[PDB]
Every structure is written in structure tokens, then in C-alpha cells.
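Each chain is listed here by its residues.
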Amino acid sequence: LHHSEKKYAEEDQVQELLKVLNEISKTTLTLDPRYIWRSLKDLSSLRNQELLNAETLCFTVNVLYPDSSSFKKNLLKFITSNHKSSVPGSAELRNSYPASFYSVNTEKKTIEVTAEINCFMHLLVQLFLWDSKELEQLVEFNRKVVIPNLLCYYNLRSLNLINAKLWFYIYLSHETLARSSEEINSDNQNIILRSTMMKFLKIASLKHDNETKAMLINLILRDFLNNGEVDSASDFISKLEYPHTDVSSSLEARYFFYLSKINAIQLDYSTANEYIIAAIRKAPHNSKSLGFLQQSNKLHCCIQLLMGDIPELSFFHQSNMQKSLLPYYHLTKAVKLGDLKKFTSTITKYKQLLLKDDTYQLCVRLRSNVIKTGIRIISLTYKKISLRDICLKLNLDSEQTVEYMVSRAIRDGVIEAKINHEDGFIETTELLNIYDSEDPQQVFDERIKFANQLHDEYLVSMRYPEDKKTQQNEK
Amino acid sequence: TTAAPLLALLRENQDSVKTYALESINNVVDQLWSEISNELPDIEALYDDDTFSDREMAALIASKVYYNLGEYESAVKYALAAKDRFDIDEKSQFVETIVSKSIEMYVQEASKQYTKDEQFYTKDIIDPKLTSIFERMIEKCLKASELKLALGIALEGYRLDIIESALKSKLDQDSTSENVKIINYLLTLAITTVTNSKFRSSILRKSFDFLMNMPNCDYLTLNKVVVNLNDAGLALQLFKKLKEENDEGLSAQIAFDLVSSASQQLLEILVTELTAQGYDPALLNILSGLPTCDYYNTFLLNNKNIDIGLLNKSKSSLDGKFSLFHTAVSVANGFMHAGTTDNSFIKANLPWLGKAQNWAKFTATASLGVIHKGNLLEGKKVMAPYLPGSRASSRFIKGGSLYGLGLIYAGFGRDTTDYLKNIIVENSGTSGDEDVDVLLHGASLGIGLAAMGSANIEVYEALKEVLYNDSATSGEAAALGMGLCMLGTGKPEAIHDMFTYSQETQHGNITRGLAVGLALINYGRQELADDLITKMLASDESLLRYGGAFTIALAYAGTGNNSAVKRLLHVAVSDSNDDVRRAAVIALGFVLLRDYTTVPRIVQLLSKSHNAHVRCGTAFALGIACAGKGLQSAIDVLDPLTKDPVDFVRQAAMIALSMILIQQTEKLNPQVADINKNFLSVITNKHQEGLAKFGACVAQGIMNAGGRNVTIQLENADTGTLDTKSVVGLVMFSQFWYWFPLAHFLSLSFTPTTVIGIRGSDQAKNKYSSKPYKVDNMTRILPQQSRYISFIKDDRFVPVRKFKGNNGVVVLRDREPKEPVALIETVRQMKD
Amino acid sequence: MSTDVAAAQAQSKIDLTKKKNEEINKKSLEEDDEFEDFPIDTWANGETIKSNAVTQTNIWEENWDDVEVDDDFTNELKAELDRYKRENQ
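Protein chains in written order, with the deposited numbering: chain S, 18 to 492; chain N, 4 to 767, 858 to 925; chain Y, 1 to 89.
Simulated from the structure, these hints should not be mistaken for lab results.
Treat the hints with caution; some may be incorrect.
Simulated pairs of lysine-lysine, DSS-like, Cα-Cα distance not exceeding 27 Å [what the hints assert, rightly or not]:
1) 858/N x 43/S
2) 305/S x 20/Y
3) 78/Y x 410/S
4) 632/N x 867/N
5) 410/S x 389/S
6) 143/N x 219/S
7) 466/S x 299/S
8) 492/S x 867/N
9) 244/N x 184/N
10) 161/S x 216/S
11) 78/Y x 43/S
12) 485/S x 18/Y
13) 243/N x 184/N
14) 353/S x 18/Y
15) 80/N x 216/S
16) 224/S x 80/N
17) 858/N x 492/S
18) 389/S x 353/S
19) 24/S x 125/S
20) 19/Y x 486/S
Stretches of chain S that chain Y covers, calculated by requiring three or more beta carbons in the stretch to come under 8 Å of a beta carbon on chain Y [what the hints assert, rightly or not]:
21) 18-30
22) 295-301
With beta-carbon atoms standing in for the labels, derived distance ranges [to be verified]:
23) 406/S x 44/Y: 51 to 59 Å
24) 106/S x 880/N: 48 to 56 Å
25) 64/Y x 462/S: 49 to 57 Å
26) 192/N x 106/S: 49 to 57 Å
Think of the CB as a built atom: it goes at the ideal place given N, C-alpha and C, for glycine as much as any other residue.
The shape of chain S in the complex, shown without the other chains:
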């Protein structure tokens, strides 16, 4: 009855572990273990949540533990203790195995392979805390317990890949506690959090684990951004090592999205634009991914107004993301029309929301782009145009001031005009017919090379999974 329910959950987990244990006894590998490990983690996340708070505890007790079973149980005491299903028949077993962590063998200590087992019991305690949706001291206790265990000995390739996924949860739970209710010791412990993450990346370099390296790089970028330590992250992004070989496509989505943030801050709007489109196309359409997409789209609108490119109105309408994106929709219309008065209203109306996402800093730089976009519209509309007419339209000062705006603005080439100060007009330089110039030559070359690069990626990838299947016995 009650023993049956905890026993069933345990038996699911055992088959998944046993599968990997067999695989790493032949020869440790990276990718074949992970696909199984990801499937197990889903089942554990769903069973911890839905089925009582003591179904983790049964497992933890059931296997041999250094001191983890007692640290697990502590967490459960606080939220109404459990004591049930820890008597023999939940502790008189070590759960079907052939002989490599089987009951008879382990107790006898003809072998002991707590190696794999310890890393999985860590995976449970992280999942279980985010399920509870709780933070306080329990976070601290999770931080303290697992980190030196993993640092008092080197890990095998399989075990390093379990412990990369624990680091993300440690980091996430620390950062949420600051956001629920800021504290003063959260600040000093953040230096500690900061130290371990970078030290980890060195540790993973020696084991030559591709998937372990990538996931830590994603963490360092995120950690700098919420601390706002962009200076240190600017040195980091020009000195990376990221592989895209074995990484999951969630990791790749995240990586590109982080770059777009730092770049936008450094006043690169052209590189930021390329990478934010990369991040979105990797990500799913699902409501699973919903919140990742909103922050991404907030940044994506912002980059375009920083360029002078001005997002589509369709883009808000085809998504059902309208209400989240409502403040960027009012900025889009404002910059396009040239109306500073419309713009100033938008940034006062929605100040609070923008400042939450910490995208308000990026938004104030847009008060400039109204003025510069306004001069580009006026140079399109009239080839030659008096200085005074600009002052009326955009609600600016003297003509001398307007002269200065254009002199600066054509250093980037935004207006693409030039001022005559003895003829008293502004004369734009565009009169297209660049197909009579040598320009398209340059362009076609680039598209051809872009095609060549997709061909190459096709070649290496097409045959590598083919090769696994043909080698593998299935006849």
C-alpha cells in the first residue's frame, strides 16, 4: 500500500541508472550516457513534485550514502517530518543490480561503487528544492554539502556531466532568494559563488569533456550580467573556447542570447542583431520556453531602435506576446514617426517595467535615435531642405544646433547627407543606381561563401550518426 507507491517510483529510477552503469563499465562515453540521463531527470522532476515529499527519501536511504541520507531527511523535517519507509525492506536492499552495486555484494563489500550513485542522489536534492519552490537556509545547506565532495577527488567523465547540472541549480536558487527579499549576507556570499564557477571551468579543461565545458560558460555569462560586472565579461567573451559539438540546443540558445546582452551594452548593434536571431531559432515555440522568449524579444526590439532599423508592427500581432511587449510597441511607433513627445510619454508611462528587466539603461539611449531617425526621414523626403524646417518638425532648438546633429550623425553615416553652410541647405548623397557601380560583385561573393559553409556542416554531421548505426549490431 504505502510501501508499494515509494517502491514503484524507486524501480523506475533503478532501470535508468543501471543502463548507464553498464555503459560506463565497457568504456566511459559522453553522449550515449547523457540521452538516458536526461530522460531520467524528467521522470524525477515529475515524481518528486506530484508524489509525496518522501519518495526521494526512500531512495536515499535505500542506497549506501556518505552522510547524504541524513541531510536529505533534514529538509523534510522542516515542512512536516517523514519517518516512514526507512526500516529494513527499504534499507535491507541496494536494489537490483547484477553484481556491481547489488545488495549482497555491496553490504559484503566485495565491491563498492558509490561513484555513480552519489552524483545521482545529488541530482535528486536539487530537483526537489526547486519543486518545493522554497529557498531559505535549505539553499545554503545544498551549497555546502555537494561542492567539496566533488572537489576532494577527480571525477570520471560520466560523473563530471552529472555535476554540471547541479551547478546551475545552486546558482539559480541563490539568485532567486535575493530577488524575493534582498539581504546583506546574500551579497558577501556572492563572491564565494563567483569564485567556484570560474575555478570549475579549469577543472573541466583537463578531463576533455566537451559538454561539461559549454554549460559552465553559459553560467559565467549569466552571473556577470545580474551583478552587472560587464567589464569583466567583456574580457571573457573575446577569450572563450565554446564547442558546439555535443552541446544540447538549449545550451546553444542561451549562449547566443548572453552575447547579445553584453554586445548591446558596448554599443555594438550589428553583432548583437545577428546573435539574437540565432538564439530564437534554436529555441522551441512552447510555453515551456515562454519566459526565455519574452526576455529575448525585449532585447530584439531594443537592438533595432538602437540601429535605426525599427521593428515590424506585424511581429507583435502574429505572436500572442502583445501585452508583455506593450512598452516596446509604443517605442516602435514613436521612433518611426520622429515624435519626441510620443517617445517621452512611453518611457515615463512604462518606466517601472523596463527597470525590472534591467533594460531601462538600454532604453534611454533611444532618446538620441528619435532625433537621428527624424533627420533621416527629412533627408529622404526632401532632397534639399532648409535648416529651419527641421527645427519646426522635431521640436528642436536653433539651426546651428541642427547643423551639429548632422555633422555627428554622418560620421556613422546615419543621414548620408552633407551640409552646405554658404548655400543654406542639406543635400543628401543617395541617388541610387549602384548596379552601375561595382557593389553587387562584393555582395554575391559573400552569399556564395555562406552557402559553402552550410555545405561543409552538412558533410560532417550527415555521416556521424549514420556511422554509429551501421557499426552497431541490430542484425
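Mind docking chains N and Y on chain S? Use the hints.
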């Protein structure tokens, strides 16, 4: 976090905060690595200035920074500059990363400087700090008390010193057998890891010193070294140890091993040295090998099982009046009946042999000498009704009996050389009749065999006179006979003459004969055969390109060097000369006898390309390479190649399968019985092409060869050494497609597999079971079977030295050497 | 609720047991679903999505309007006032 407070300290102008800065940066160098790498040149300026005693500390920072960047090369330079403060991180549970890259870097430097001179331990190209961290790593292995780890890094680092210390200290004689065990493991790894001769020679010859200190040990291990280097001084010194013991049984045992493994030239001079040491004449007969032939003869006389209904069946299916058909059956039965002088083929087929004529009746006369191979005492007696002096009826018999007499006496025919030479000198002053050309033809192949590996410049001169006649078929044979005598000499005069006479003639037969004999002459010199390869490959002639491929093959035979195989692969695809494409692919097999595991994967490609000649050489590559233990894959790749439309591939594919599975059981792999019926099925059918019926029938005789008592031993497992006889036979055998008589040379690749026990006082799935069965002595035993046999704990015959576990003659000690015991009579004894 | 063309990523990616945890982690990292936080945060519900006909619910196609001010009242005033000048010319 930020590194910014830390930069300010360096910049601050007081001495004191500059000393403290290096300490502070270094603590968290794994946290702020990307930050401090930009400003790593500030820290280099503090290294220059001599107002710091933390110069060593400043250098140490640089190492950790460059590892995290990605360049491991730069970190080790500056770790070595730091001097100390790098011996504390060799056992942490966090950072050993900088240290491990030092162990790698010394191995790279070690290879480069060893080749110039063995000493490189006093060069300034090697930092003194670098030597220390390497040394202490190998010491840590010894603290854990496994020497396999310690020896393994020493092999890479080209150290003579450390490998010398480990074996020196593993001698203490608390188990003599265990002391040898550790030397065996390294000897194997030396061969398979070090493909550089200089370093490998030094290690082998050094290993000898440890073996010879012990008073009791396995002396097979001493002999392994001697055979790889072929120094007659180490050979002599090894026998000298056994002469202080005055022990007959050992000396006889290792002499049996040595003749098969080492070269014929090694034996010819070695016995002379031993004669003047003073020995018993028994050992010196055994080193010539005449006793050794007799022991093998006896094994085959007693245990041979032949198929007389098969002899009838081939006879019915393939006609004696049909000359191609008659060649197949003559060859096929001869291999089956091989290894004992039996006359059953002659009497049964007494009218059938005479119906042929031309070179087919020449093939038939020499197949008698395949059956009667060996039997030295009786060699002349069974050949005498054919030999000139009572033969004048046919010129094919007169010459082809001399060829067949050459097979009987191959590698033992020093006296025979004189007799055959009279005949040749007579005929080399003439241009000959067509009577004389055929007669002289078979004299020339024959004397090649008798005088093989003798280094007779008398014979080289003798046959040089025939080449100069310009006789059509006699000159092709003369060229072949020269190559067989002067095997493994690398003489320059001989090389020069044959290569040039190719241009002198327009005859394709002759030109071809020189090209492939030049391969024999450059056997086993490897890159000192290089000058020839360049000349032959650059030649405009297709024939010299045909032979150039075979020159690579024999030169690097039994060594899988990357260079040799590269050249052969390229030649094959890029040429459009049918003969050449075939030859280059056959040559690969010789080079890759060392690693026969890889051959099926490499040549899977080549069988994929659907060109016939290319496919022909690929079947031959599988057959030669894998001629030992059977591979399921090797079989599968050949199997549709017995189905191809081109019939020349069909011939090769079945012959290759027969070389691969020579005497295995159909309970030892159940594909043996199936494949045997597949050959039979083609022959049964008469609706197929004659090319196909020829291919299956010749293959059938190879498959049943010895009466199923012998197997091909490319590389012996008695010492893990290449066999000269096996290589020579096979390359001659691949010429059968261009001259059928040469098939008979495959007999030299048959080496009899048996354990023959001998009294040492007058010389008379998952196979293993814990429940034994008894096996008689002098019955057929395979290389794979041998490892499961172990002399009984209470046994009346026990070997003097723990058993080698592979086929050959092993001397036993008899506890009662004078009480009666039933004996198996020796062929030697039966006669006299 | 889908970012760019709704069908273009609905066919591009679909669920797997393997991916499902990582996706949930992505939305948690930003900290919320960020479409149900926003009504509480402002303490209102939409009326400024009712700015234009196309904004509210996409049941039309795009016009490229963004204020939707009738342009008939201004074009009518130009027409009559111009005629009178010509009448008084």
C-alpha cells in the same frame, strides 16, 4: 569578480605592495584568468626587475593563465622558469593540470634528440627543471608498486637509465619465473609501440643482460632478442651460457627454435664459431637443420589423412588432354599429399600424366617434388627415374625433374648445388636447342631453391652466363633463380645487372622475371632498398613499376611502417596499367603482416572499386595477411567475390579463402565445412567457365594441404618473429597467374604445426575445459590449441623449461632415461 | 503563444522527454513566464491593446497604420479651402 584592485597594486609605486600583488593575484588565478591575461605583460616587467624575490612567484602565475587560455605549450616554458613552487601541486585534488602537460612535453623532445646520438642528457635544449618533474612522476608509480606504469613512460621518453634500474631491481630471485614475466610484457610492447630501430635495438640488447644474471630462467626469452637483431655474437654468447651448464636438453631445444626463426645466413656462419668454441656434433647437425627435417617428416608420415575419392573426382571433372585442366589437378593433389614421399598419385594417375605435353607436363613433373618434399636421405631415390641419365623421352621431364628436386632440397641443398651446377655451366656456354632450353629452365628455378639464402657468388656468376645468352624462356628462369639464391643480401653488383638487362631485351617474359626477382634481393633492409624503389618507380616501363611494388613489399615486410604502405596505395589508383594495379595491392599484404587486424578494413575500399585486376590483388591481400587464425570478416568480404562476373576475380577469391582457413575444424569455426563444399560445388559444375573450375580446384588442394597437418606461419609465435621462408614462397606463388610452375613455391609457406616431444638423451564457444582429455604425443596440434595444453602435474615427461605454448620441438627430461618405453620410430632410424 | 511566424517554429521544434527539463529551466532562469506577472505588476488589464483594430486580435492583415486617424476630414478641409482661394483669385 573583478581583478581591478589587483592591477592597482602592481602599478602602485612602493616596493612593498608590488611584492604583495603577486601573492594576491596568484591566489585566485583560476577565477580571474581571462581578466589578468590581458595585463600579463605587466607581470613580465616585474619578472625583469631585480627588486623582487617573488620573481619565481610572478612566473608561476603565467602558467595557470595560459592553460585556461588554451595554449599548453607556453605554460610549461614559464613553469620551468619559475624554479620550485611547482612540486606542491602534483597531488592536489584540484590542480595537477599544469604538471601533467610537462610529462607530455618531454616525450616530444625526447624522440627528436635521441636519433642524433643516444646521449641527450647533457643538452641545454632540455631544461634541468623539466627532467626533475618527469622523474618524480615515474617514482610515484613505483611508490604505488606497479612497474608496468613506470616502464611505460620510460619507453616513450627514450630513457636508457630508468628502464635499466627497474629490471635491475626486479631481479632478486624470490621467484625466477616472475622475474622473467615482467621482461616479457615489455618485449611485446617494444615491438608494437617503438617502430624506430635505433632505440628498439638498444632496449632489446640491454634486456639480455638481466636474463643472463639468473642461473635458472626461461632461455626462450634470451633467444627472442637474438633473432630480432641477428647478431651472431649474442647468439654465440647465449649458447656459451648453456655450455657452462653442460646441458644437452636445453641446447637441443633452442637450436630447433633458432633455425626456423632466424635467417639462413645467420646459421651458416654461426655453426663455424661454435665448432671452435668446442661442442658436441649433435647440436651442429641440428643447426644445419637436417635432424629437424627428419622430426617433421615423421609427424606427417604417421598422421596424414588424404582423400582418394577426391583424387578420383578431380580426375573425372578435369581432363588430362585439356592442358589447363591438367595443371589444376596436378597442383591440387600435390599440396594434399605434401610432406611425405608417397607414390599414390603417380600410380593412380599413371596414364593421365602422360597425356599432357607443353609447360603443363612441365608442371606435372615438378608436382612430384611437391609431394616428395623433404625426406633428405631418400630425396634422390624417388626422383631418379626422371632425372637425366635415364630420361631422354621428353625435354619437359628432364628439366622439370630438376625443378622438382629443388623443392625437395630447398634450404638444405648445399651438396646438391654442386651437382646441378655442372648441368648449367654446360648449357650456359650454348644458346641451346629447344631440348636444352626447357632442360635448363627447370635447372635454374631448382638451383634457386637449393642454394637459397646461401649467398653463393659462385651461383650468381653461374646464372649470369645464362642471362647473357638471350634465351627466351631460359633467361626468364635464370633471373628468377638468381633472386632466390641471393635473398636478403642487398648486393649492388647483382642489383645493377638485372635492372639494366631489362632494357637490353624486348622480351616481356624476361623483363618481368628480373623485376620480381629484384624484390627478393632487397629483402629486409627497408630504406636502404629505397634507392632502387626510386629508380624502378620513376621508370617509363610498366614492368619496372610492376616489380617496384614488390620491392617495397619485401623490404618492409612484417613491419607496418606508414611510409611503405602510403606509396603502394597511391601507385595503385593513379595508374591505368592493368598489371601494375594488381601488383601494388598484393604488396600491401606483406607490409601489414604485423597487424592483420587492420587489413580487412583497409582493403574493404579496394574491393569496393569494381575493377577486376584491382579486385584480384585485394583477394590476395586478404589471403596472405590473414593466413593464420580465421577471421569471420575476412571470409565475408571475399564471399561475393566468388560470384563476380569477371572470372579472374573468382579464381583469386577462392584461393585466398583456402590460405586463410588452412586446417581448421568445422567445430572450431563452422564456416570451414561450408566453404569447403563451395569449392567442390564449382568443380562439380561443368556449366561454369574453365577459369572458375581452375580456381576452385587449385584452392581445394591448398585447403587440404598436408593432409590437413600443416598451417602457414607468417609470423611465428614461438618467438614472435617473422619467418623468411613463408614470405618467399608466397611472392613466388603470386606469379602463378603469369607462369603456372611457380605455384609449387607455396610449399615453403607450409610449415608443419605439431608439438613433437623428444627424449633428450639419444633423440627418439570459449574453448578451455576444466575437465581434461588426454592427447598423445606427436599428433597434430595448432597454434590456437596449444595454449590449452599443460603437462600433467605428475607427468613422466616434463620439459626442462616451462612450456612455450606454441608449435615446435620441445626437449623433455625423462625421469627414468634407461628403462624401456614404447617409441615412435624416426624417419632417420627407419633407413639406417 | 509563439514568437515569430507561429507555424515556423511549431514545425521547427517539438517536445521530447529528453528536452523537457531543460526548457523549464530556461524559463525559470529569467524568472517567470513573463505574461502573467505583467497584469498584477501594473494593477490593470488591457485597454491600450485596444489602440487599433489589428492590435487587439489579429483577425485581419497588417495595414501599416499605427494611429488610425481618419484622413477624410483633413482631405475635405484642403479641398474646399483651396477652391475658395481660386474663386477669389
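Hint check results:
1. 858/N x 43/S: At roughly 21 Å apart (the allowed maximum being 27 Å), residue 43/S and residue 858/N satisfy the hint.
2. 305/S x 20/Y: Status holds; Cα separation ~8 Å.
3. 78/Y x 410/S: holds, 20 Å
4. 632/N x 867/N: holds, 24 Å
5. 410/S x 389/S: Distance ~13 Å between residue 410/S and residue 389/S Cα, so the pair holds.
6. 143/N x 219/S: Holds. Residue 143/N to residue 219/S sits at ~24 Å (cutoff 27 Å).
7. 466/S x 299/S: The hint holds at about 23 Å.
8. 492/S x 867/N: At roughly 40 Å apart (the allowed maximum being 27 Å), residue 867/N and residue 492/S break the hint.
9. 244/N x 184/N: At roughly 21 Å apart (the allowed maximum being 27 Å), residue 184/N and residue 244/N satisfy the hint.
10. 161/S x 216/S: holds, 16 Å
11. 78/Y x 43/S: violated, 87 Å
12. 485/S x 18/Y: Cα-Cα ~20 Å, so holds.
13. 243/N x 184/N: Within the cut-off at roughly 23 Å; holds.
14. 353/S x 18/Y: violated, 44 Å
15. 80/N x 216/S: holds, 23 Å
16. 224/S x 80/N: Holds: residue 224/S and residue 80/N sit about 22 Å apart, inside 27 Å.
17. 858/N x 492/S: Status holds; Cα separation ~20 Å.
18. 389/S x 353/S: holds, 11 Å
19. 24/S x 125/S: holds, 23 Å
20. 19/Y x 486/S: The given pair, whose Cα atoms are some 22 Å apart, holds under the 27 Å limit.
21. 18-30: violated (count 0)
22. 295-301: holds (count 4)
23. 406/S x 44/Y: 51 to 59 Å: violated, 40 Å
24. 106/S x 880/N: 48 to 56 Å: With a Cβ separation near 49 Å, residue 106/S and residue 880/N satisfy 48 to 56 Å, so the hint holds.
25. 64/Y x 462/S: 49 to 57 Å: Violated - the Cβ-Cβ distance for residue 64/Y and residue 462/S, about 34 Å, lies outside 49 to 57 Å.
26. 192/N x 106/S: 49 to 57 Å: holds, 52 Å
Hints 8, 11, 14, 21, 23, 25, counting from the list given before, are not met by this structure.
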